[PDB]
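Shown here is one chain on its own, the form deposited without adenosine monophosphate (AMP), set out as structure tokens.
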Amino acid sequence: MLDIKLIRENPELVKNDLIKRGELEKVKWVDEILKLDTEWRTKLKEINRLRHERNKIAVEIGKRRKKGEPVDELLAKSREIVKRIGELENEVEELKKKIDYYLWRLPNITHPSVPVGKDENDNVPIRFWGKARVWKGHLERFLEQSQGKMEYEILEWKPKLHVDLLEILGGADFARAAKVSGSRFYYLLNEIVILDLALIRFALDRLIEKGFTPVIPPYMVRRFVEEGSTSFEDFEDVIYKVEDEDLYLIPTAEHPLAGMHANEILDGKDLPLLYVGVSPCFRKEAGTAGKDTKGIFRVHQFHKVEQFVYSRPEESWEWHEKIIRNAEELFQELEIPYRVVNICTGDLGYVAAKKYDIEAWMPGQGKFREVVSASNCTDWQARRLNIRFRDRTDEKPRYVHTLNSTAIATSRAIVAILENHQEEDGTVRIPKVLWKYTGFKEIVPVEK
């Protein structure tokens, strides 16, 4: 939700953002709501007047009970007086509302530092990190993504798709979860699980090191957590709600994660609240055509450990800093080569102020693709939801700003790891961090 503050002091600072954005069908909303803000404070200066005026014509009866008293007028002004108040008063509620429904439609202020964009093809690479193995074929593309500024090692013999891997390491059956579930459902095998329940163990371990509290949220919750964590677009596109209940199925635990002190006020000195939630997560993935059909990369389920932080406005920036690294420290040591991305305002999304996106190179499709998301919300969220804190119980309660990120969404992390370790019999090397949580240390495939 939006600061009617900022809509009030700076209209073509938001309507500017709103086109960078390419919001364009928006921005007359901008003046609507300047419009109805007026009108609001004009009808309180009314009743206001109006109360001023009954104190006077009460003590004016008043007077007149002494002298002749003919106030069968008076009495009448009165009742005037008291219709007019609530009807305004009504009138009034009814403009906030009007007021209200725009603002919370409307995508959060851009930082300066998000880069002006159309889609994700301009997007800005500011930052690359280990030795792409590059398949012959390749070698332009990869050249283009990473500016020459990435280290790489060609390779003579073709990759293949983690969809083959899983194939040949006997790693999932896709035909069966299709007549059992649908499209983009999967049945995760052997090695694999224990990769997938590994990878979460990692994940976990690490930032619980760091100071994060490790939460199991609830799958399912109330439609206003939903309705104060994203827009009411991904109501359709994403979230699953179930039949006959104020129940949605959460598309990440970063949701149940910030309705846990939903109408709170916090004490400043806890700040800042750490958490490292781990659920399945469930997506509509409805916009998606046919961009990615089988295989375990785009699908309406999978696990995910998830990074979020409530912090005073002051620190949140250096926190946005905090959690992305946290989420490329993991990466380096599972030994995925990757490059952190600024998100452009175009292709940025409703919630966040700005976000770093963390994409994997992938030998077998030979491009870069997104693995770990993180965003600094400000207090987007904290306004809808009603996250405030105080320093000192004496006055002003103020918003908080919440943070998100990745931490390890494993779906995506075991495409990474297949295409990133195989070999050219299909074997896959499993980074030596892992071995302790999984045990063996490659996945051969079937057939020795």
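Here, rigid core means the biggest group of C-alpha atoms that superpose within 1.5 Å across both forms. Residue numbers count along the first chain shown, from 1. Compared with the form deposited with adenosine monophosphate (AMP) bound:
- With the rigid core aligned between the two forms, only one of 370, 196, 335, 292 has a CA shift of 2 Å or more: 292.
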The other form holds:
2 protein chains.
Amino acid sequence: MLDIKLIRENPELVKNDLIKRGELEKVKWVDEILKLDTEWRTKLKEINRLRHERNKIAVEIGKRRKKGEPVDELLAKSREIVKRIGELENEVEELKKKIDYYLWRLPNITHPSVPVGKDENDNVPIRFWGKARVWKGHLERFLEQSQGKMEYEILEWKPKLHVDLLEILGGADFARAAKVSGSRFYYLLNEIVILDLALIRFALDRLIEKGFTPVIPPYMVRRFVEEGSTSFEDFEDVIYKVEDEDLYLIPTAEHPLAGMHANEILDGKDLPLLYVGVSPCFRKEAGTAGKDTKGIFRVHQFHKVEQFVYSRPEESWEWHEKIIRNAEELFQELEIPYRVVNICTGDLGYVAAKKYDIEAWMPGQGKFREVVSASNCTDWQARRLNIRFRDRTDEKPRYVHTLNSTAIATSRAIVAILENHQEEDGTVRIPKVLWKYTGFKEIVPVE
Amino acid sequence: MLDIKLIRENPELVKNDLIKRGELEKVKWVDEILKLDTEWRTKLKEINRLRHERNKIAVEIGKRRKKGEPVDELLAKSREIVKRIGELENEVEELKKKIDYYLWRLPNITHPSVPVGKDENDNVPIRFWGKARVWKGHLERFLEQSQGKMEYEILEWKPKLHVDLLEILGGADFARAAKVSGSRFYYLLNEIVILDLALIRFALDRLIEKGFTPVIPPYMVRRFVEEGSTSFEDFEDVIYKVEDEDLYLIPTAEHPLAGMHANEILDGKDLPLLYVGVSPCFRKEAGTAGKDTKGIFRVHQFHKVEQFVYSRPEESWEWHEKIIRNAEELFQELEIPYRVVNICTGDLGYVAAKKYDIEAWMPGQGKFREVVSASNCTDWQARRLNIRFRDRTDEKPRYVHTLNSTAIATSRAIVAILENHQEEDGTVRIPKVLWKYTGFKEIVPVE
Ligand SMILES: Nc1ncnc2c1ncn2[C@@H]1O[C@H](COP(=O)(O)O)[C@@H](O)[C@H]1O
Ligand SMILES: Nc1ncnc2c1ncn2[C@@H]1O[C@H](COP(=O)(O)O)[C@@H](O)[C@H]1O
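Structure of the form deposited with adenosine monophosphate (AMP) bound, please, following the form deposited without adenosine monophosphate (AMP)?
Following is the full complex, with the preceding chain placed first.
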């Protein structure tokens, strides 16, 4: 939700951001908002004018009681004032609802540091890490996407796609999943199940060492926490609702974590509040029904360890920068070459002010694919969930800033490990850092 | 689902099992199904008779063609025949629908060793284990449920309830979960989160060592897998259905595990199929909205590692014994005193033929509570999901038996650990077998 103040004190700033975002059909809203806001104030100033009248008409009927008191009229003038006052109050009431309806439907104001663009093609790579293994046949695409700034090694043989690897590795059964649940669902098997759990613990241990409190939240939440966490467009495209209940399957632990302190006033002496949640994630993925990679890259359910941060507005950006690096550290230990990208205005989303994504190099796919995302939501969720804080128990509480970032979403971490650590025969070596969690050091094909 | 052949050949047998189950109403169904089945079987005969009669009349009306051909009579007949075949055919389909309606709502035939009883009160203790710590104020109930066949020791202090321990230990937030999702939801925090994952991993390893193939299934399934794993009653009381989708949140890994091989003819050579699934579980828990224990003992979501077995009928009973013991073994290492009860007809349920439960002694509560349950479903699920096997491609395929059993449901295992391992000051000592998974050897209080 956007702060009506910000709109009153800079409609042009919002209209232009609305354009950098591509939300052109919504700039007209800026005006609509202000003219309503204006009307709201006018009716309010009339109510005061009227309350004051109520008073004068009052002292009068009295001042006339000690006189001829023909106050029969003033009594009628009084009855209409309360009538008007009510009408106005109700009118003001509705006027606020229309204002808020637009406010809840407006994307966060982007930071000046986010590049301007149309879509994912415009995101801007700002950093690379690792020695990518590239197939002779992807050499150009790689060099273009890496801008030549990344260390690589050419591969003789053609690296396989993760879906095929899971197969030769006996790690999954897609067909039976389709019979039981439908498309984009799956059964994970053997070593892959241990690897999944292992990735959760690894992620979990590290954020804990960095001081984040580990939480397992509710996987189903009430509607207000979903609408307080993202744009309403998500109820159609991504969020599953359960019949006959005010319960929605969470698409990320981010949401229940942000709901965890809805309607509170935190004590500044506690910030930053650091949470690291684990939870299955459920997504309709309606926009597609089958795009390309047909394994566990884009599915209906996946596990994800999430970093969530409550901070003072003055600390958010520094935190945005810390969490993204927390995620980067994991993949480096996991030995996954990648590139972090600054998402542009057109691919940014409604909730974020700025967003960094980690796109891992996928040897088999011949490309970089998103594997984690860190967003600074500033006060957007806060204003919605009413999450404020105060330092001195006598001052006006201010909204806090919220931030979230993937630590590890097992689904993709697994495709990245399978595609980046595969050997010609299909054998997949497990990054040394996970050995303490898996037991085995590699997964060999079955026969 | 019960076999129509069983009802025909042995109606008395099923009536008696029903009476023994005290399903006094359904007993009438046996005769009803029989009555409809005979009509159904007759009309089927009628239809074949008529079809053959129609042909003999088709060749004959054409025979009179080369003769006087006063076929204007046979013609009228051939029309009565097709009219009858049509009428019959519909009566048949209707008959099948009424018959299946009953076949699908009939409980499984209990094994003669299942004791008769009205509810869980009549459930029978068949074995005990461990040394229980008992509060003096709970001595009667303890001896009552222990039959005085279990070693123990009296505590002069009152051991606390897990809900309280969770609070003094800083491992959960219930108030916020209620804000965010409603009651019987929760946020697990700090070392309780690690303990939760550590229990899943511990169960997985032990079951893997025993050769079960580990699996992570779909958390949402199509209605048929649900209708194939339990009685329809469950749709009202337990299973959450997702809006506008033929998808249902699973109440246990057992269901998709059973659905995994629906409509297949396994190769006898592969039997037994041993699966150990992990997954979150969702239950409506309709019969309640408030009962007694207010922690994580009876909630809407919890994690659970489940044992599932696809078996040859002649091996199912030996397996029912091996899996309950696998669970016992886990709780013994976890050092939780307990008793295992053979479940009676009234607390048995629709899909099991026989069932054992492991009830953990709960120091704070002063009683034994169900922590794991194991069943042999024989061919009940198999008949519904159409799961068969054959040893030779020649032979007619026959139904397999299925069995399921808890390994560890983290929720109740955590209450058992908290209550049986607390100390006077409130800290809880984690059993040694888990150290390799939790790191920490115990959880101490906070301010
Ligand atoms: N449909 C999906 N299937 C598997 N993983 C996903 C899916 N959607 C998102 N993810 C993972 O969750 C991360 C964060 O997603 P978001 O919650 O969309 O920022 C993505 O970078 C992926 O690692
Ligand atoms: N609503 C619940 N909340 C927490 N744990 C449960 C719940 N229902 C069942 N359990 C656990 O799951 C085990 C097996 O239950 P069942 O699937 O009903 O055979 C029980 O013995 C408990 O340990």
